[PDB]
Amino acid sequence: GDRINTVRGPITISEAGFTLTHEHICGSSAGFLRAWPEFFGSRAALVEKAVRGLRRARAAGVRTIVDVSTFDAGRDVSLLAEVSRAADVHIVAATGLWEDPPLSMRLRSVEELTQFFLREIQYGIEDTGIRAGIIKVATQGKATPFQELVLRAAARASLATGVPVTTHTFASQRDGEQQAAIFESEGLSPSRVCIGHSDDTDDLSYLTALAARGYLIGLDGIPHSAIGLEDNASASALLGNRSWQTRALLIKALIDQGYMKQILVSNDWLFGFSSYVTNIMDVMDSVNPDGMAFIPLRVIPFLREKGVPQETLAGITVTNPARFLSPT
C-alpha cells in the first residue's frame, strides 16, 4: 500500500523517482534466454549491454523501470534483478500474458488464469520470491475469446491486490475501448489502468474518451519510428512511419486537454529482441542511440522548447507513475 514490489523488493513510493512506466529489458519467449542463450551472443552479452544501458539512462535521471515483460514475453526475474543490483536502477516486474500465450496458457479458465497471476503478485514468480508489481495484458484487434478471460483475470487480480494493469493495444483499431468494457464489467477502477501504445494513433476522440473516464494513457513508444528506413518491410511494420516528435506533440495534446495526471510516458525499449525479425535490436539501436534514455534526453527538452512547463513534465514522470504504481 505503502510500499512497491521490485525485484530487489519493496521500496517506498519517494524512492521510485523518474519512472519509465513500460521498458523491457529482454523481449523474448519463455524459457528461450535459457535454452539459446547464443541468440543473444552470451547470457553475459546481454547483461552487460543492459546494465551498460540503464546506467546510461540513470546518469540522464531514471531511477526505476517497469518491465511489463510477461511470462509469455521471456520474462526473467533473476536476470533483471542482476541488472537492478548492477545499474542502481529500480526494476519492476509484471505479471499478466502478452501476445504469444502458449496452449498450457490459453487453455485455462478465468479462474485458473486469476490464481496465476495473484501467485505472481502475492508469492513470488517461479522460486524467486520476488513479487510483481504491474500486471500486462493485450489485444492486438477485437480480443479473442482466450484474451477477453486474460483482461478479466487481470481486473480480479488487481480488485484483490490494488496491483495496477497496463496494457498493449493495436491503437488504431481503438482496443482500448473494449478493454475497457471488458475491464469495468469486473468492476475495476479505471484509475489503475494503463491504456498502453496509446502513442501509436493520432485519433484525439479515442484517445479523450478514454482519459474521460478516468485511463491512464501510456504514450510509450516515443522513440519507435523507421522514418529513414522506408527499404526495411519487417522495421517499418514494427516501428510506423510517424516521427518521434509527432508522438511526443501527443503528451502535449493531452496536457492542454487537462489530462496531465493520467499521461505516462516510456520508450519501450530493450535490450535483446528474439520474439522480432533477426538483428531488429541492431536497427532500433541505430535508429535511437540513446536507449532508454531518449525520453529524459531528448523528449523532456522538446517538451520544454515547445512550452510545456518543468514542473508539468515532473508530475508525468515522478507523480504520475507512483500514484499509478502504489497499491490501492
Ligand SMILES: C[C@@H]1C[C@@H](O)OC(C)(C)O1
Second form
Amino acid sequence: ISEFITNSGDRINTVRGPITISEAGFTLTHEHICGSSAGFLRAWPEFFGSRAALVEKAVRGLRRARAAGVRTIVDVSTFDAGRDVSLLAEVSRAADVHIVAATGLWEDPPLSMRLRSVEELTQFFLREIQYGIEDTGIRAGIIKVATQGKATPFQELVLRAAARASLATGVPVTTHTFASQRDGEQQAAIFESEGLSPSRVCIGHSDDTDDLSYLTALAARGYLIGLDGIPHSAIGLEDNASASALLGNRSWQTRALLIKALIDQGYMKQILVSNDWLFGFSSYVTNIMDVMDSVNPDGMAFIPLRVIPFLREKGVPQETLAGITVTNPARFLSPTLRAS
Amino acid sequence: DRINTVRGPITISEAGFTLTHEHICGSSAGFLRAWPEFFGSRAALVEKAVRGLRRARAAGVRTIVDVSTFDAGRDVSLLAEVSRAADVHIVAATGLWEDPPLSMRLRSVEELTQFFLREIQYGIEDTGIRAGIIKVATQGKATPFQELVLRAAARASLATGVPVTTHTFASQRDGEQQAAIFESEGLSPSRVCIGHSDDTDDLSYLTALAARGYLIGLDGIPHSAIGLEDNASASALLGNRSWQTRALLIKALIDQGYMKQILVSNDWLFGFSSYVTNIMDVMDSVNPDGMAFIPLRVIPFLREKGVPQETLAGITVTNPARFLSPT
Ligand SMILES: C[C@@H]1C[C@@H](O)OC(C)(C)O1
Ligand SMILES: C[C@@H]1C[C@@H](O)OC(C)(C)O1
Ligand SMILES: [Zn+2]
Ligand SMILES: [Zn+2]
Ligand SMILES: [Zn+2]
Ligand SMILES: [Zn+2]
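Having seen the form solved without the ligand, can you show the form deposited with the ligand bound?
Below is the entire complex, every chain and molecule, led by the chain shown above.
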C-alpha cells in the first residue's frame, strides 16, 4: 500500500527541499551537473561558454532524462569537485528533476581541507547535512568519498569522518574507487572499523572492473555495488589518448552485462546503476565534454533508453529493472535513525 | 593615471603609504563561503579584519595590496567590505599561488593568460572588481605548470601594464629562474617584484637581481618563531630569524644603493585556513600589531639606524605608486 502514498511519509533532502520517498521515483545515483573545482564556475564561467549556456545545456539534458523516465538524480559532486548547489537548484527547478546534493571530499581537496583533522572534517560534513551548504539552506543527502588505490593517510581521515557523519545523521555514503585495484575492500574495512552498516555504503565505479569475485564478495557482505559509468567508453576514439585514458576501452555492453551477472548470482538487491555523466567538465582536458557528448548524446538518459532495453532483451524482467532503478535507490537514500 | 582597487579606480596620489604584500584571509577557493565557521563566522572575520585594518590606518597605512589569488581563497567581496569599513584602499590580485585545483592545473598557457586577463580587464567573478596586480609562485625549481603561470603572468602584464609580484623560496634563489622566464617573454624587470626576499640572508643574490632592475619584496618582516621553539609547525612556517634580522636587510639594500627598488610589507593575515588550525592565533600572539607592524615598529627601527624620513617615504609611498601604476 505505502508504495503508492505521495502526500505523507518519511523524507529525503533535495536542492528544492524535502521530498517523500515515493516522490523520488526512478533515480540515477551517481551523476554530476558540472564536474569542476571549488569556486571555478564562479571565477571563470566563460570556460563553459557562459553560466547561462551551462544552465540551458543542463536543463535540456535533464528534460531528456525525465522524458525517458528519470525523476531524481544524485549529484555526487563535492566541495572540491566544484559543486555549486545554486546551479543545481536552478536546473532542478527548470527541468522538474529532483537533485540530491552531496557533501564529503573527492580527489582534489585544497590545502584548507588537506590540513584538517578527522574531527574537523566530521564537523564540516555535518554542517553541510544538518545546517546547509554555504548560505543556501540546501542540505546534503549523501556523503561522497574517494580513493585511487591504497588510501592516503588523509583519505583514511575522510573515510572515517564520512562514517561518523553518516552514523550521526543517517544519510548514506557513496565512494569513488580505482576498481581494478579492489579499493572497495580497504574502504569496507575502514567503514566497518567505524561501525558503519554496509547497507548504507555504495562502492562506486565498480563497473570499471571485470572481477566478479571482487564485486560479489562485497555484495555478499551487504555493500551496495555502484555500476555507475555504463556509457563510459572510448571505443572508436582510440586515436584520442586523453579520452581513452578517462573512459577506458571496455564497451558499454561489457559494463552493462555486469548488471546482469550480479542479478544472475543473486545480488539484485545490492545493485545501483547510473551514468556518471556531466553537463560541464573543467577538471580534465579542455575538449573533454564535447568528446563525451559525441560518444553519448543521450547523456543521463542512457540508462533508461539504452541499458534497460538491452537487459530486457537479455531476459531480465522489467520488475527487476524497476527494483534496481526505483526501489533500491529509495532504500539507499532514505535516512536511517541517527545514532544514540 | 589610475590603479584599480576593490572600491574602483583611484589616482596614483591617493594610494599613499602602501603595504605591497598582504592578505585579508589566506584560504582556498570556495572555502570561506562553504565553511565560515572555521573562522568563527564570516561576521567575526569581517570584524577582525576591520579592526586590524583600522589599526593599520591609524598608523599611517592608506593602501594594502592583497596578493591572495583564486587558489589562496581570495573573496573579493570580503576585500570590498573590509576596505570600505576601514577606509583603506585594497588592490586585488589575479594569478595563481601554490595550490591550484585541477581545473587550473590542466589549463594551457593561452587559457591561463585569458583567465588572468579576464580578472584584470573585465572583473573578478561577477563583482566588476578588477585586479591591479598578478601574483605567481615557485617553491624551488618551477614545476611545468608553474612555468606556464609565469609566462601567462608576463603575457597578461604586457597586455595590461599591471605588475607581477612573486612568491619565492628565497634560499633557493627562485627569483633568478623567475627572472629568466619573465625576460624570455619580454617582460621588463621594473614590472616585477621578487617577493619573500627577506627569507634569505644572501645579500649577493638580492643585489644581483636589483642590479638587473627587479624590485625586491622584503615582505614578511614580522614572521618569526623566536620564543615558539617548542612549536614545530609555527617554526617551520615562520622561521627562526628575527624580525630585526629581516628589517636589517632593508637597511642593507638602502646602503647598497637600491632604495628605489625596495618594497616592504608584513605578509600578515586576519584569517588563515590553509595551514594548521591554530596558526592565526599563534601568529597574532607574537605580532598583535598585525599589518601595523611595518609603520609602528620597522619605521622607528630604521630611523634609529639613521635612515632619513625622505628615504622611508620613498620606499613606502613613491615605490609602490610607481610599481602599481600600469605600464
Ligand atoms: C567529476 C567526475 C568525477 C568522476 O565521476 O569521474 C568523472 C570523470 C565523470 O568526473
Ligand atoms: C596566504 C599566505 C601566503 C604566503 O604569503 O605565505 C603565508 C604563510 C604568509 O600565507
Ligand atoms: Zn569518481
Ligand atoms: Zn562521478
Ligand atoms: Zn607567499
Ligand atoms: Zn603572502
